[PDB]
Amino acid sequence: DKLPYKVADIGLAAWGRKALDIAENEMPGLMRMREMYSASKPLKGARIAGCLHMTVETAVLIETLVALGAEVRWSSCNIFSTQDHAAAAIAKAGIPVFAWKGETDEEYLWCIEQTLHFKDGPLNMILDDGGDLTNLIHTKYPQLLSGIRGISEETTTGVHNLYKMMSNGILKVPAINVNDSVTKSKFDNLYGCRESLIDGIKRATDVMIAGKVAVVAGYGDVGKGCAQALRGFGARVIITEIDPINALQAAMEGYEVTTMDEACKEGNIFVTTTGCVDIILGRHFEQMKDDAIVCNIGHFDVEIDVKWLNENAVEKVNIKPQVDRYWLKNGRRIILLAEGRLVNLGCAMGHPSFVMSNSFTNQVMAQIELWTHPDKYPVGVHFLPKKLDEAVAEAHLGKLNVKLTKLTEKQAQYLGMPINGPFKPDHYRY
Amino acid sequence: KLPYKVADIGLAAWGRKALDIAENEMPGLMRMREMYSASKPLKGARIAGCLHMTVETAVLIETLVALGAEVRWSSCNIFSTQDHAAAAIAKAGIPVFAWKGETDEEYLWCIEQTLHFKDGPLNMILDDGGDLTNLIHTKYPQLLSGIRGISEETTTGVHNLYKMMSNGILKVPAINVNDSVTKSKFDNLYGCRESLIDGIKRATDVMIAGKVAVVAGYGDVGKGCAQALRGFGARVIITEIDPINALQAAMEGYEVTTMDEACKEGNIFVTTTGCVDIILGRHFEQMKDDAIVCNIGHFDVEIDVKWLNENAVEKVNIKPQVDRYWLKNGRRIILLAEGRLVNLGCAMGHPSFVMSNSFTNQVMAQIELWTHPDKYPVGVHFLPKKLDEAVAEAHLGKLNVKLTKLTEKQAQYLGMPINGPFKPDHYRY
Amino acid sequence: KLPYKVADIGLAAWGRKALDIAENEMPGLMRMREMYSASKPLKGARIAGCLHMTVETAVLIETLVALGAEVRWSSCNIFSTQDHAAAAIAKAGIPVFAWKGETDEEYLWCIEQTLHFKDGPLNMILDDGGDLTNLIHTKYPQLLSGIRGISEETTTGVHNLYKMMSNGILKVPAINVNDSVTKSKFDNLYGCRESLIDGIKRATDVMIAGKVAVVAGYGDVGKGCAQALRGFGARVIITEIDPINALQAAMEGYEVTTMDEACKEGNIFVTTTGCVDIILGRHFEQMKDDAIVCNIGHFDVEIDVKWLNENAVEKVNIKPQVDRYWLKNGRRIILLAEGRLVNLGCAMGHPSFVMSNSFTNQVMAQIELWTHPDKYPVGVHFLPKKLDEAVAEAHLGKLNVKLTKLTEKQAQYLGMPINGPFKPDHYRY
Amino acid sequence: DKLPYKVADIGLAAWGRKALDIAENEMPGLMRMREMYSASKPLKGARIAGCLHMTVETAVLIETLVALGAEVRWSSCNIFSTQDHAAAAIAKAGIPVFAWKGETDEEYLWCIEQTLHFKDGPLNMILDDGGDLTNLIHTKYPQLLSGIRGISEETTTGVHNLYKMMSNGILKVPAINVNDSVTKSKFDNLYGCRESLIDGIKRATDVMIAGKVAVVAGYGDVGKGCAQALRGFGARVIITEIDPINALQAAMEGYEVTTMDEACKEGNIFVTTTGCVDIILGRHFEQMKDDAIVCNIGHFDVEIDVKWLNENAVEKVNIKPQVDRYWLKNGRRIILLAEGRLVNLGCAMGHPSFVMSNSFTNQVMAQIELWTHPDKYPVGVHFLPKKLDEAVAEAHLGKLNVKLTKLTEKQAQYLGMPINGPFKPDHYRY
Ligand SMILES: NC(=O)c1ccc[n+]([C@@H]2O[C@H](COP(=O)([O-])OP(=O)(O)OC[C@H]3O[C@@H](n4cnc5c(N)ncnc54)[C@H](O)[C@@H]3O)[C@@H](O)[C@H]2O)c1
Ligand SMILES: NC(=O)c1ccc[n+]([C@@H]2O[C@H](COP(=O)([O-])OP(=O)(O)OC[C@H]3O[C@@H](n4cnc5c(N)ncnc54)[C@H](O)[C@@H]3O)[C@@H](O)[C@H]2O)c1
Ligand SMILES: NC(=O)c1ccc[n+]([C@@H]2O[C@H](COP(=O)([O-])OP(=O)(O)OC[C@H]3O[C@@H](n4cnc5c(N)ncnc54)[C@H](O)[C@@H]3O)[C@@H](O)[C@H]2O)c1
Ligand SMILES: NC(=O)c1ccc[n+]([C@@H]2O[C@H](COP(=O)([O-])OP(=O)(O)OC[C@H]3O[C@@H](n4cnc5c(N)ncnc54)[C@H](O)[C@@H]3O)[C@@H](O)[C@H]2O)c1
Ligand SMILES: Nc1ncnc2c1ncn2[C@@H]1C[C@H](O)[C@@H](O)[C@H]1O
Ligand SMILES: Nc1ncnc2c1ncn2[C@@H]1C[C@H](O)[C@@H](O)[C@H]1O
Ligand SMILES: Nc1ncnc2c1ncn2[C@@H]1C[C@H](O)[C@@H](O)[C@H]1O
Ligand SMILES: Nc1ncnc2c1ncn2[C@@H]1C[C@H](O)[C@@H](O)[C@H]1O
Ligand code: NA
Ligand code: NA
Ligand code: NA
Ligand code: NA
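Line by line, the protein sequences give chains A, H, X and C.
Just so we're aligned, residue 3 is where the first sequence starts under the UniProt record's numbering, counting upward by one.
Just so we're aligned, residue 4 is where the second sequence starts under the UniProt record's numbering, counting upward by one.
Just so we're aligned, residue 4 is where the third sequence starts under the UniProt record's numbering, counting upward by one.
Just so we're aligned, residue 3 is where the fourth sequence starts under the UniProt record's numbering, counting upward by one.
Misleading hints may appear alongside valid ones.
Stated by the list, open to error - Calculated cross-link-like contacts (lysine-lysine; reagent style DSSO-like; alpha-carbon spacing at most 30 Å):
no. : chain 1 : residue 1 : chain 2 : residue 2
1   : A       : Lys-378   : C       : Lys-166
2   : X       : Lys-412   : H       : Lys-267
3   : X       : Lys-94    : X       : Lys-46
4   : H       : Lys-405   : X       : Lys-267
5   : H       : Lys-331   : A       : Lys-20
6   : C       : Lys-8     : C       : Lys-322
7   : X       : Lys-8     : X       : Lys-322
8   : X       : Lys-309   : H       : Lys-405
9   : X       : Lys-405   : C       : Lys-291
10  : H       : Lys-322   : A       : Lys-8
11  : A       : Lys-142   : A       : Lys-121
12  : X       : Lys-405   : C       : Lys-331
13  : X       : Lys-408   : H       : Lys-291
14  : C       : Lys-166   : C       : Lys-309
15  : C       : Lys-121   : C       : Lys-46
To be verified - Residues of chain H placed beyond 10 Å of chain A at every Cβ, according to the derived structure:
no. : residue
16  : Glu-37
17  : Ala-69
18  : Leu-118
19  : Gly-382
Claimed, not checked - Examples of chain A residues lying across from chain X (beta carbon under 8 Å, computed):
no. : residue
20  : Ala-212
21  : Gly-213
22  : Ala-253
23  : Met-254
24  : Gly-256
Derived from the structure by calculation, the hints contain no laboratory data.
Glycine included, each C-beta is placed from N, C-alpha and C at the ideal position.
Starting from the given sequences, assemble the full structure and let the hints guide the process.
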């Protein structure tokens, strides 16, 4: 008496399949995992509950996990990030998915709850982006924890929460931090946002970037990519930071580094990337230039005080889905994107498929590691080995026609490293 | 006769919200309204417009009307109309004949609807690409004596005007708007720098980083497209016939080679030349699997789309304006907008701010031709530099630019008029 | 009379090694030698040159001589001479009067030495900044009728030629070399993009990353300087009087404001305007400690160096062309080259490759004026676009650029001559 | 009967002092160390032998160590990197320094040997860049090892050797890896080379960068900076790499990644950044374009086969010091800079003072840590704590007029971090 899936429109499946066929050819890491492991089925017996943006890319990940032998049930980790044609293709393929663009917060939780129970038992693996599924199980279903072999976690906010859980003695399942694979953090967070931030802003507003002042809160991997994207189209970018190291990086790249208390008077476009609460507040909104565009690209919608806008504006005019224009008591207007939810996925299509192939190849490796070698992973938060990290990058070089050099025997002896790697020490920062 | 013909008048309220937002990004046009709405310099003008029917064009149209013109409009491309913008214009009572996805015969019918007003035939042309200009000269020459002027928006259109003039076949005075400084060095460059990538992304969602992109032509459009692609981490290869443009591209760090070589390397191909026969069957046969091919020049003459349709073994429509072909060699090609201009066909064209430069020039050109026709004999003319400077000045406040004024001592030193113009006529910026 | 006057003839062997290396970077000039050494089109010419006596200029001088001219030379700046290059020229038998660190009176004496040859007075001028042109017009008007032509290298010099012509005081025909496309859009832009930073680094070794740099003017030179500084991670602020140039800088992501505001923020100041009174005492008094201040425009008129000398409480020479001043407010200012052009005064000026563009134009202008004087009435003229294109084409092979040729079908489509020129006269590149 | 110092010309001291006064005002980290520690003299009793490029910046470091109470004797770690006016200023100040530009290899070793013995005993601290002093003591003076409290090591090559020494049981003294402080590797190696590579090439050759093809071997921190510098002036940059992760970074930044076997046919400028032997060989030289400029920026001159040029060229023409033009049997010419030694220091002035203040503030902190808290540092290779790394960056923000944001109590509680840091986990890569 349980729903088999729930999507906006399963009739979108044929279109979704065409988009998936195109994405497969952009995702050689995932396709290589299928080539290597479809016969031996390393994930046989796995029952993976996934909570991760239900996009075309995630659809390719899902079909890879199934090809490797897993049973899978899926929900999205944001109410606006699902791509309904991708969700339809997965549903039509017979995979239980509960995801649509424009869920309410109640429907969102309900969707996660649909992923916990399989035909042959409760979930035994977690694949999470942001930690909502991990937190749901630990807080509300602790009786299921003993039956879960592992968690792999995708994003900075989610891994931050895992480390907090472990330090507070709350974590009861081994986890792999996928965010901090080199081939994830230094690629997805940086080059992904470099493309998908502007895509979200443009699809929402069609605003010209050239000539504008853009304020980017945070200069971590996401903020570095956002800043570079904006500068590239001719915006003057101002950075805010709490970390003196990241601040010094930004200054050395030619950006003005100042506080939001100052920058709010200058910005035409505001992008929050911090993963922290209370970044853009009423006192900032009241000082902004007319028709300032405000958005967030951090995981949770905690950075922008949207409640202040709802409570203090004279009127909110909906322009189109996920674009609202508020008229303030000072007579100026604020354009808010996706109600403060992650803008690249909420207003566009998130990262393009090629860079997601890096992140998702790491996810498949982590699921295989946790499922097939649980003795290597006690309760705690672990990284994938560098040799596997390198292997992810290597799997994407051929698509780009990169010709990698091989060390000679003499060179490898000189450097004291193996010809096949790893090539860097554990502390290397790339 | 029809009051208009659009896709869906029901889109008018959404279109109006988009127009409201665009007005606040178009200070040049709004300034023209502020200055001229009372005096109505375009009273008596009956302007037929043939120009991409977008949100930005809607703001231009309502500016012409505020200035006292009667206007009838069509789009200059079968895929460039934004149906919400067309609906807002139609709802406002302006005769517009335009929708996204016209057949070629519908396209001609739409232009033909703009020719006749209540009081008589058109007496002004506002053209982008020269189709309206050419239609009247070739099919309706009896209307020429009743037309006071033409203003022309784009490089391909002005190229045709100069050709017509040199052949002695141009019969109405024209202003070349494309070659205002504030048009060519802004719209063609910075506009394409944003809107090319928009078109490619909305169509395909492809990652640009890591790709090889081949841009044919390194004029104003090619310069903008190349910079955009490089900015997201594509390796950009340029083709050129002009040794000066070629050397510019080489000095900016781009490999410059022929399409005959570059077709073997590109993952993305963008044609910017305004020239026929740029990407041919012999190129398609050598391309990397799933190469994305598109055109941003005015006419769909650069890519041999006929070759793909005839020679591919499979052709699948992915979604509107995106086709994926399988060739006999087993590889795939993705073709955007059937080779029509990709930024307008697959996205929303240039953003409003830069279009305010171009369209402020257009309003000035219409005012010049309508109110000072004796200044403009039959031939092709530029706006004066003082007006060109005024267009730029009108956009500075929005960006909070603080312009320096010369002192009288400095202006005497330079031998320069203190309010401009500040550059000689040959200045290239 | 002296055969020459240079700092140290002993530097000639080193100078010759530098000339050898530069020849291999200057294919345009070498091509002029290949084409014209046998026919000697400059036979009979007696060319007085006033132009920075650098390695690059030495290659130009030996090209003029290969083409049959007699030449006598001086530098157009007291700090720009490269003494090894001057020595190589002198050792080769060419009368050159130039050394690094001339007094202003020595500078004038050097120009005066270039006026008289064995067979008579000069009959051609090759000028950079207009000092030789102005000297003859004001102090030696009796020599004017014997001078066939002037070719002029730099923006400040051509500005003066146009001023002279409009006042009716120019008496010899002139070619504006600065505004060849292959000069203005390459030398002024890409040359300064490399040589500004060179001058600042050799003088001060300051880190650029993290600094605020203020560039006054956003013409060809300012565009190059700004890009250079931004490339190393300086935050660049632009000042401008021209709303078009100002809007270009804003659209490229630079803050545009006045010097009155920017003087409070800059760590590095670069003047590029060609205008008097850009950085004044009221600016110096507001500058951050150890602000570096320099000028790259032709004349030392942009920075009020007199103010520093009179108002500083301490002044210490760090090394040649680098002075550090302590002001009454307790802060320090570092001034480069006493406000003379910093790239040539503190480094080696533009690299040879881009100077081959400029100097190929110079040789073409000298040939045009000397051999076709009836084409050039008194007034200021440009080289034809075909020659401009030829300059660019001559540098493509060195960079391994592969230029596309139009097919006959494409040239017919475009209405274009198949070998060029490919652009109309108003094209801005 | 030992020399008190040996420099090219002590008469250069007045000029050197002027350059030092200017550098001090660019080095707020070092000046802050003087302000904080000149009174308490934490390095009293220290006898530091330094082997590190004797530049204006190093002179400011030296005077800082002396101000903090140390006795110091110094040599350079490269035969061409000394700046004679800086060496003169140090000599005139009464500090034993043995360094000049253009040492022979025999003089180079002799100079290191002069630094071992002080009035009151042998050295008891090592400050090294490249490991030559560390290696000299371990190999030739093992009887001095017991009297040495610590080593701080500056550069990638030197730290690579320390880790090799420790893994082979050869290291007998605790060492701090300064290279891999965040405020060193991510700033010095990257932004320093971004400026000083082009400076070396230009002072040597005055060549135009725009329009050229430049080949950069290696895409680590140095190669990333070199590549960016060359691209910025309009060179087309081709990268070589053995590490698939770095190769993928380069491709994603828009660079062609291919082998030197292919790239040698295309390059007009070659820059080696690998720290590895056998990068540019005879077979590459014979295929290069006429007047190709070849240089190295890695620590040791092991990357370019200069011996091949000396043995196979028809003639070597010296252009000026550290610039040689070889005429090959194929009729083409090769311009070799600094005989293959590090080009930024050999042909120009190395990194500018501001970024060296980051590296050298870390060096002072490491010397204080090893000298005053030896119990925290057993034999092995250690990093400085993140709080000190952050403090280095923070000390440079004021000079740049950076306004750093402070977390509110509520934000710090939300993030679970202290308001004063550290702000990042140990694995953070910046
Ligand atoms: N939307 C996407 O596709 C996408 C992609 C990757 C990561 N993420 C999310 O983006 C967010 C940032 O990720 P990241 O990897 O860049 O993390 P990060 O830790 O590397 O960067 C965040 C930066 O924010 C700074 N910061 C924290 N509080 C601040 C404040 N109050 N003011 C100014 N700066 C402050 C920190 O000092 C840090 O440098 C996370 O929530 C992550 O989960 C989103
Ligand atoms: N889609 C848009 O929003 C948009 C905007 C502005 C202009 N345009 C159109 O874009 C096109 C280009 O305009 P532009 O202003 O850049 O013109 P342009 O004349 O400045 O540049 C075109 C370049 O193409 C080069 N070229 C010509 N034939 C070639 C060939 N066979 N191979 C390689 N290069 C060749 C020319 O040498 C020239 O430099 C025109 O059709 C124009 O109307 C479109
Ligand atoms: N050092 C060199 O190697 C070198 C090379 C080329 C040109 N030059 C010289 O550089 C100078 C600039 O040449 P250009 O080709 O860039 O000329 P330009 O006319 O293109 O640019 C100068 C700019 O300065 C702006 N300007 C004028 N007065 C100003 C003021 N008071 N404040 C702010 N901006 C002001 C103008 O609007 C103009 O855009 C000239 O003196 C020229 O001869 C030097
Ligand atoms: N001259 C300077 O001022 C300066 C500054 C900092 C570091 N260094 C020196 O520069 C060198 C590089 O330092 P780094 O910090 O960039 O080290 P790194 O380890 O970060 O980078 C070196 C790169 O070289 C690559 N590599 C190794 N062998 C190769 C080969 N055969 N072909 C192509 N690539 C290869 C590696 O994969 C690595 O990514 C070291 O010797 C270091 O001591 C010099
Ligand atoms: N297209 C996408 N599909 C699925 N997930 C996506 C996508 N774009 C960004 N992300 C996520 C957002 C997360 O914060 C980050 O880990 C990144 O991988
Ligand atoms: N948004 C737009 N509206 C209306 N016209 C647009 C738009 N974007 C580009 N163009 C045109 C295409 C033309 O070729 C060019 O002149 C440019 O102004
Ligand atoms: N190296 C140089 N030799 C000779 N002249 C040079 C050099 N660099 C810049 N210039 C001049 C300075 C002039 O203003 C500009 O025309 C430029 O060509
Ligand atoms: N100016 C300099 N002084 C002293 N040392 C310098 C300098 N430039 C680079 N280095 C070194 C070269 C080393 O490889 C690197 O650690 C860097 O810090
Ligand atoms: Na996608
Ligand atoms: Na728009
Ligand atoms: Na030179
Ligand atoms: Na220095």
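Hints versus structure:
1. Simply put, A:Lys-378 and C:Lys-166 have alpha-carbon atoms about 27 Å apart, close enough for the 30 Å limit, and the pair holds.
2. Of the supplied pair hints, the one linking X:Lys-412 and H:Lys-267 holds, its CA atoms being roughly 24 Å apart against a limit of 30 Å.
3. A threshold of 30 Å between alpha carbons decides the hint, and for X:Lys-94 with X:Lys-46 the separation of about 22 Å falls inside it, so the pair holds.
4. Restraint check for H:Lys-405 and X:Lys-267: the C-alpha separation of about 15 Å stays at or below 30 Å, so the hint holds.
5. Between H:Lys-331 and A:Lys-20, the direct Cα distance comes to roughly 20 Å. Compliance with the 30 Å bound is thereby established for this hinted pair.
6. Between C:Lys-8 and C:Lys-322 the CA atoms are separated by roughly 24 Å; this keeps the pair inside 30 Å, and the hint holds.
7. Distance hint between X:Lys-8 and X:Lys-322 is fulfilled; the C-alpha atoms sit about 25 Å from each other, no more than 30 Å.
8. The hinted pair formed by X:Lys-309 and H:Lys-405 meets the criterion: a straight-line CA distance of about 28 Å does not exceed 30 Å.
9. Between X:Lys-405 and C:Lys-291 the CA atoms are separated by roughly 16 Å; this keeps the pair inside 30 Å, and the hint holds.
10. This hinted pair checks out: H:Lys-322 and A:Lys-8 have alpha carbons roughly 24 Å apart, not beyond 30 Å.
11. Restraint check for A:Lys-142 and A:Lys-121: the C-alpha separation of about 21 Å stays at or below 30 Å, so the hint holds.
12. In summary, the hint linking X:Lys-405 to C:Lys-331 is supported, as the alpha carbons are separated by about 28 Å, within the 30 Å threshold.
13. Our distance criterion of 30 Å between C-alpha atoms is met by X:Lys-408 and H:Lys-291, whose separation comes to about 25 Å.
14. With a C-alpha separation of about 28 Å, the suggested pair C:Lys-166 and C:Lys-309 falls inside the 30 Å cut-off, and the hint holds.
15. The straight-line distance between the Cα atoms of C:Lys-121 and C:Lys-46 is roughly 15 Å, inside the 30 Å bound, and the hint therefore holds.
16. For H:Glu-37, the requirement that its beta carbon stay farther than 10 Å from each beta carbon of chain A is met, with the minimum near 16 Å.
17. Listed as a non-interface residue, H:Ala-69 keeps its Cβ farther than 10 Å from every Cβ of chain A; the least gap is roughly 21 Å.
18. Here H:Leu-118 stays apart from chain A, with its beta-carbon at least about 32 Å from theirs, past the 10 Å limit.
19. Residue placement check: H:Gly-382 keeps its beta carbon more than 10 Å from all beta carbons of chain A (closest about 34 Å).
20. Interface hint at A:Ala-212: satisfied, since its Cβ lies 4 Å from the closest Cβ of chain X, which is below the 8 Å cut-off.
21. Hint on A:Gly-213 holds. Least Cβ distance to chain X is approximately 5 Å, under the 8 Å limit.
22. Taking 8 Å as the C-beta cut-off, the interface hint given for A:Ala-253 holds, the closest approach to chain X being about 5 Å.
23. Annotation: A:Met-254 was flagged as interfacial toward chain X, and the flag holds, the nearest CB pair being 4 Å apart, inside 8 Å.
24. Evaluation of the A:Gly-256 hint against chain X yields a held restraint, the C-beta minimum of about 5 Å falling below 8 Å.
Checked against the numbered hints above, the structure violates none of them.
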